[PDB]
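**Q** Here is what each chain is made of, one letter per residue.
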Amino acid sequence: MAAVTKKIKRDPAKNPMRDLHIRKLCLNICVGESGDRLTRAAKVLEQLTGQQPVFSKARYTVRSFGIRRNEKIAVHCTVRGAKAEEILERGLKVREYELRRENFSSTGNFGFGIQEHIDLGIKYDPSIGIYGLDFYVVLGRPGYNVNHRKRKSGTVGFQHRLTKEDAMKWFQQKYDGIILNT
Amino acid sequence: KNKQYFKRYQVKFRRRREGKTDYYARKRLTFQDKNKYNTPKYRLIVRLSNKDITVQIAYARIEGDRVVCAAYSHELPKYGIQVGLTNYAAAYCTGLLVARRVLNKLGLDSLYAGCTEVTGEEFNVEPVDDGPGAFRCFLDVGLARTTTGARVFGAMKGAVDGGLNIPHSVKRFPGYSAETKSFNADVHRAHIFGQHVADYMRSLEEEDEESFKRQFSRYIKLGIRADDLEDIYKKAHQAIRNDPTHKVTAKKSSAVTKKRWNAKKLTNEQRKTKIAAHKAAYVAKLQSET
Amino acid sequence: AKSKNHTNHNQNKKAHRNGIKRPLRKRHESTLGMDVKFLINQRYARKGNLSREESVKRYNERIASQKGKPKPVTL
Amino acid sequence: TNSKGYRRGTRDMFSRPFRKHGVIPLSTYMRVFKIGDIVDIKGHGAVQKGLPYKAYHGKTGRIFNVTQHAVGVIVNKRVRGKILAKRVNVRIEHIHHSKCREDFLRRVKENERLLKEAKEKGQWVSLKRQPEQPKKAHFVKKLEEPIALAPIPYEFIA
Amino acid sequence: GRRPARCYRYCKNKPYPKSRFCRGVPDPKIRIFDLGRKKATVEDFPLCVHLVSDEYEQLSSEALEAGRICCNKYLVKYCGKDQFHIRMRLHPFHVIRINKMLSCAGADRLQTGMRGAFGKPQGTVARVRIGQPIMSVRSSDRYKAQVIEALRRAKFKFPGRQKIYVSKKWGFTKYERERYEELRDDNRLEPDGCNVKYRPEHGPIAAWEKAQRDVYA
RNA sequence: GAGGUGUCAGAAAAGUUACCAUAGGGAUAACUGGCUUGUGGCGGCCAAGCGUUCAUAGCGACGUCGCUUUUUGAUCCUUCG
RNA sequence: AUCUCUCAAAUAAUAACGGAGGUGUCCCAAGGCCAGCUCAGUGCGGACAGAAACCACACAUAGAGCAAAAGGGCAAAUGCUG
RNA sequence: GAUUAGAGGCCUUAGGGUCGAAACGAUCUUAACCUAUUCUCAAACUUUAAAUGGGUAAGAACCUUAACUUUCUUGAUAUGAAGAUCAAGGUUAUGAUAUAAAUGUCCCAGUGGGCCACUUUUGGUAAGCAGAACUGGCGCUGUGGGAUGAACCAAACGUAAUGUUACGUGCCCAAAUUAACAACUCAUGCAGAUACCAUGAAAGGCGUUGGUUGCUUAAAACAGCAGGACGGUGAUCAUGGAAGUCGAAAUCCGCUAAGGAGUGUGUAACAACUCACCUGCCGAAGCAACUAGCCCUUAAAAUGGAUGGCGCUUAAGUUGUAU
RNA sequence: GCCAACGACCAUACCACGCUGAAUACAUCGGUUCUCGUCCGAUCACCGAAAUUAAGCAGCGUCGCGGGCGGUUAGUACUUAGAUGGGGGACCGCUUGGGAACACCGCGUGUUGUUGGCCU
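Protein chains in written order, with UniProt numbering: chain L, 1 to 182; chain Y, 8 to 297; chain S, 2 to 76; chain W, 2 to 159; chain H, 2 to 218.
Hints were generated in silico from the structure; no laboratory data involved. It cannot be assumed that every hint is accurate.
[Unchecked claim] Pairwise CB distance ranges (calculated):
| id | chain 1 | residue 1 | chain 2 | residue 2 | range |
| --- | --- | --- | --- | --- | --- |
| 1 | S | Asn19 | H | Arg98 | 54 to 60 Å |
| 2 | H | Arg180 | L | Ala13 | 48 to 54 Å |
| 3 | L | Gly50 | Y | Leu211 | 21 to 27 Å |
| 4 | Y | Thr93 | W | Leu27 | 48 to 54 Å |
[Stated by the list, open to error] If you want a taste of the chain Y side facing chain S, the calculated C-beta under 10 Å gives, among others:
| id | residue |
| --- | --- |
| 5 | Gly114 |
| 6 | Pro139 |
| 7 | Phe142 |
Here a beta-carbon is modelled for each residue, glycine too, at the ideal position from N, C-alpha and C.
The task is simple: from the sequences and hints, build the whole structure.
**A** What follows is the structure, encoded as structure tokens:
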């Protein structure tokens with residue numbers, strides 16, 4: 001606001017550092033039960049990711065479906081680096097990756113539901129059955145650790161914060177999928 | 008939204024807004040007992056950065072902390088430490104440095120020679136009798152998690168091997184395995200001599216040349232092979248005990264108002280002339296169509 | 002019955018009749034309930050006050066044993 | 002039909018100010034306090050470790066015993082009516098430094114010095130305070146816009 | 002039960018507030034405070050006339066119900082059915098406690114000798130000070146006779162003594178009538194429901210700019 | 001240290017008397033007098049009205065303001081030799 | 001017997017069978033301490049997914065929580081988890 | 001924490017719909033929601049924050065200077081601290097007060113029912129009731145004044161002379177019917193008359209005395225006694241008549257100094273009929289809405305009766321003052 | 001004119017947005033063998049530098065929000081104190097003194113300490 005822009009020639013404000021790197025992929029299964037209905041969903045993820053997953057205890061007893069405080073209804077696991085970008089393209093062929101428009105949170109994040117989890121390069125294994133999955137991919141830029149450190153922390157700004165268009169271009173650019181603007 | 012938010016909101020302090028101090032160690036460190044009225048605390052700051060660690064001895068006061076002495080790892084290329092300035096072993100010699108950069112101020116150089124043969128045992132100093140009791144200090148790490156063998160404790164290990172009486176245990180020195188302790192002193196003699204940085208190279212001498220195009224590059228720019236790192240770090244210990252010259256500087260000066268530089272702040276007159284034309288420009292944008 | 006339970010009339014006319022009686026100004030005061038040494042230290046310095054005229058000069062000559070005190074200005 | 006007990010009617014003695022909540026600023030622990038010093042008591046509402054009672058907040062008195070992190074002050078409490086000398090321990094943030102001596106201690110310097118410059122001229126001291134006298138006889142010119150300037154009312158119509 | 006207010010004519014206590022657990026209190030129908038063309042803008046009704054009091058009177062709310070339905074039913078007779086704005090400037094936000102002898106059925110046998118002395122709630126009241134207007138009628142300047150005579154018939158339902166200002170205001174504004182126009186005539190005042198806008202300058206530019214846009218183009 | 005006095009600075013304790021008693025009490029009720037008015041009883045201001053029409057011949061809604069104290073109470077001033 | 005806000009009239013004190021409530025317990029952690037993390041809620045997203053949960057990113061001055069009444073108090077805690 | 005009123009809004013929360021099969025094209029509407037306002041408040045609400053207040057200080061028991069002391073817990077001057085002796089210090093450190101103050105014992109007697117009052121205040125509808133905060137009184141206290149009285153206003157009291165004072169001076173009743181004043185006020189069953197205090201309302205009143213605003217008037221106003229007053233148009237609204245006229249949509253004008261689709265009796269038609277208006281007439285101020293002084297009305301209780309009494313009415317009443 | 005560490009008072013420092021930032025720096029940033037922690041080397045932990053000044057951060061801009069200050073609302077509101085002052089009452093007036101508050105208008109946008117350091 002009334003500050004002289006004047007464009008001192010160091011860069012055209014291109015991307016030397018705004019390079020839009022995928023931060024992480026987090027997985028979750030929300031199945032309203034426990035027991036074998038839990039741990040078979042647990043042994044989905046240990047072979048699907050290679051990380052030992054963590055469960056999640058429910059927040060409050062809702063009694064519309066009888067889930068209880070500390071009942072461990074749900075399983076979730078996170079993936080950072082060298083495994084996100086292979087799991088997602090596995091998840092995109094089953095997605096036939098022209099994925100619908102939202103699917104796109106305004107903070108530059110995008111996730112999607114899938115069904116029929118066998119087609120992620122795994123055997124059917126009728127001992128465990130089928131399990132419906134939700135995916136969620138969080139993207140970032142080089143620099144977001146400034147938000148998440150203990151010492152001299154701080155927020156980022158108008159940009160490097162990711163707009164939704166930063167998440168739709170980058171999905172249109174690589175992986176070549178259209179966004180299905182319905 | 009968020010407008011009478013601002014009338015009631017008040018701010019956490021300054022250095023909880025920057026995220027620098029914590030004010031829950033700051034009260035509890037610098038507290039002296041209020042009957043030993045004004046004899047200060049003399050704690051020991053250790054702050055570390057991406058480039059260069061920092062160790063200052065200080066005691067707080069009403070008007071900001073006084074500082075008796077400070078020693079950085081950037082001084083170390085005098086004493087032969089050219090690269091690798093944030094090792095644990097590079098953190099060792101800095102805490103060794105102030106523990107001899109400060110006893111010259113007190114003249115405590117005849118007494119408290121310290122652990123002259125460093126090997127990794129907790130040789131807290133002894134009060135040499137009939138006179139000067141040993142210098143006292145307490146560790147202030149502040150905002151780093153005190154995990155078992157962090158870089159900040161070699162700086163402490165520099166000081167207690169320098170000769171400063173600091174109470175400490177060993178449970179955050181490296182290699183003292185808490186399953187189960189394992190007073191294994193010798194892993195210091197591999198760490199304070201920096202050798203596991205070298206043995207990282209000796210376990211990477213053979214796999215990738217690009218590993219040397221990766222991390223511990225520029226040892227290759229100075230020919231620093233993975234064999235003589237102790238011989239650097241042994242030589243520093245006898246050379247830091249030569250002369251902490253306290254970094255005297257006699258530029259004196261090129262400092263004053265060069266060149267302007269930082270966009271002075273527009274008094275109300277030229278503020279008003281900015282608004283006077285802007286209101287005149289907007290009717291000029293309106294008088295254009297009519 | 003109930004006429005007058007708990008009033009303050011005539012209560013500061015009484016308290017200002019044999020009047021309001023400031024405490025004291027005592028030169029020395031009781032050290033009863035002070036820090037208990039502290040006071041054993043001052044009970045040790047009270048005994049060792051031995052020099053009025055004699056040794057009180059003499060230790061300056063002992064300062065000159067280090068030709069004075071150039072060094073200890075720091076701690 | 003009561004008060005009783007020990008912290009009743011302290012919705013405003015130990016309320017915090019407008020937006021001075023939070024971490025106590027760390028100079029409060031750094032002040033030096035001596036024995037025989039004079040001191041005030043404003044019970045700090047965010048520190049529960051030995052607040053003064055409500056009958057001593059507002060009251061000044063002399064320190065006479067200092068400890069690790071509290072101070073034993075002597076506060077005059079009026080009872081009926083024989084004023085007692087109490088012996089109160091409080092912590093540090095329930096204490097401030099008085100200023101009531103601070104002006105006098107700069108009056109002792111200057112009356113030592115207004116006699117010190119008058120040590121050489123000799124005469125004369127004029128040390129003690131005076132309350133406000135009448136001013137003097139002046140005369141003042143208009144000099145500057147002669148009179149009237151004349152206020153005369155018209156104060157109702159409304 | 003519908004207690005008279007010969008017994009409740011003064012500010013006898015520091016005023017009772019309205020709690021948030023005592024539900025069971027009587028629901029009044031004093032819900033109406035503005036009457037007339039309440040939707041008309043400032044340009045439609047420029048005359049404003051108050052009914053200013055002369056004591057620290059405490060008004061009942063029975064009187065304020067009558068003081069609005071009196072002045073409606075001359076101004077829907079002698080002013081035209083929309084040419085005004087009756088407004089109560091004064092809300093009855095207090096409680097009166099009535100310890101009455103509902104001491105029939107004759108065999109409780111402890112009822113009160115002086116045991117106990119709880120109060121019992123049966124309505125509201127509205128407290129007034131000197132120079133505090135109770136109603137204001139915003140209308141057009143033509144019915145000036147019709148409104149100052151409408152408020153005389155609102156006096157005789159209120160206790161106390163009232164005085165009838167015709168304002169130098171331009172309706173319900175804070176502004177003087179001539180001083181309204183001078184500030185109005187270029188950009189500086191903006192229309193609203195029944196009021197105006199006050200120096201939209203600071204800040205920062207576009208509110209100065211866009212309000213200068215539409216007055217230009 | 002514990003076992004508990006909650007009437008909580010701490011006796012171990014059911015009623016009745018119209019068959020009654022004593023010491024007293026106007027420190028205390030029933031009774032007159034006094035003060036008081038929720039109740040009792042009460043007449044002006046302003047008119048929405050009714051009054052076929054017509055406001056006020058006669059009444060007069062919501063208001064509002066005053067008046068009496070033999071009742072009803074409210075109190076406990078006076079009196080319990 | 002006892003506690004909290006009000007009465008209470010800007011020290012503290014103050015009364016009525018005045019007003020609104022509380023107590024006779026509860027806790028081997030709900031006590032201690034060191035470390036880590038931040039809450040009410042709202043906003044955009046994600047198979048079965050509304051009020052449905054759960055994962056997820058931003059906002060979030062305490063509008064949460066702190067055994068219990070009420071009042072103060074607390075944000076790298078006194079809160080949550082270890 | 002209650003809370004009135006509307007304004008603005010992409011809205012997509014949208015309710016009716018609507019143009020539309022629905023609209024997903026769009027239209028407004030209505031509900032919220034959001035934005036900038038707005039009316040009124042709060043013993044158990046606060047950003048701000050008085051007066052009256054509460055605390056402490058105001059010098060020799062002071063001010064510095066020194067080196068000594070200590071076992072110590074803290075410290076390399078074996079520094080700090082708290083002290084023990086020396087060195088320097090002007091004129092003693094706001095004002096005004098001192099009927100003497102300080103301190104023991106006998107905690108010796110009595111008391112541990114209080115009432116009244118300003119301002120504050122809670123319960124009650126009120127109370128000469130109930131309960132508190134402050135100061136002063138009564139209790140214990142006479143005298144002067146209020147005719148009268150526990151507390152009001154003056155004043156506190158040894159026996160006397162003289163002189164001089166808050167309330168009063170028409171007579172009871174000492175001293176003014178003032179060789180002092182201006183005004184206000186007529187009161188036919190209570191004129192009014194010494195603060196507390198001995199009850200009184202709202203609203204009036206062409207009773208009277210002042211006022212503030214608004215007119216009209218010397219181109220002669222108001223007041224009283226003359227003239228004209230319909231038609232274009234039974235165009236028109238109204239048929240219980242409309243024709244100017246119970247009630248009128250309209251709607252001007254023509255005529256003309258002055259006549260309007262018209263002013264009048266609880267006159268259904270025409271019409272009679274009169275006002276408005278103008279000029280004649282006379283010619284100095286006039287008309288109205290207010291406002292607050294005293295007076296009045298409101299204003300009604302039981303033995304006979306109370307400005308204290310008589311009486312007073314250019315006062316012996318009331319307001320402002322003087323000797 | 002700066003930078004880092006450590007602060008003090010703790011918004012004139014905060015928030016939103018936009019621009020700039022020489023050097024010293026700080027960061028961002030590369031890795032997981034060790035120490036070390038994690039479901040996940042993101043967080044911490046440890047190793048050391050290729051990249052970058054984008055962002056943090058620093059400096060500024062805005063009739064910005066807020067917050068700070070001053071005038072002014074105002075000798076106002078309220079209030080000590082006094083009257084055998086007014087009024088039927090509410091309440092008011094006078095005398096003697098103390099004397100605010102929102103709003104409103106303006107004006108400022110952190111000041112600094114100790115220690116090393118850069119010098120456009």
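**Q** If a hint holds in the structure, say so; if it does not, say that too.
**A** Taking the hints in turn, this is what the structure says about them:
no.	hint	in the structure
1	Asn19(S) to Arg98(H): 54 to 60 Å	48 Å, violated
2	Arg180(H) to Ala13(L): 48 to 54 Å	52 Å, holds
3	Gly50(L) to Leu211(Y): 21 to 27 Å	25 Å, holds
4	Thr93(Y) to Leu27(W): 48 to 54 Å	30 Å, violated
5	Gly114	5 Å, holds
6	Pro139	9 Å, holds
7	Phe142	7 Å, holds
The structure fails hints 1, 4 (numbered hints given earlier, in ascending order).
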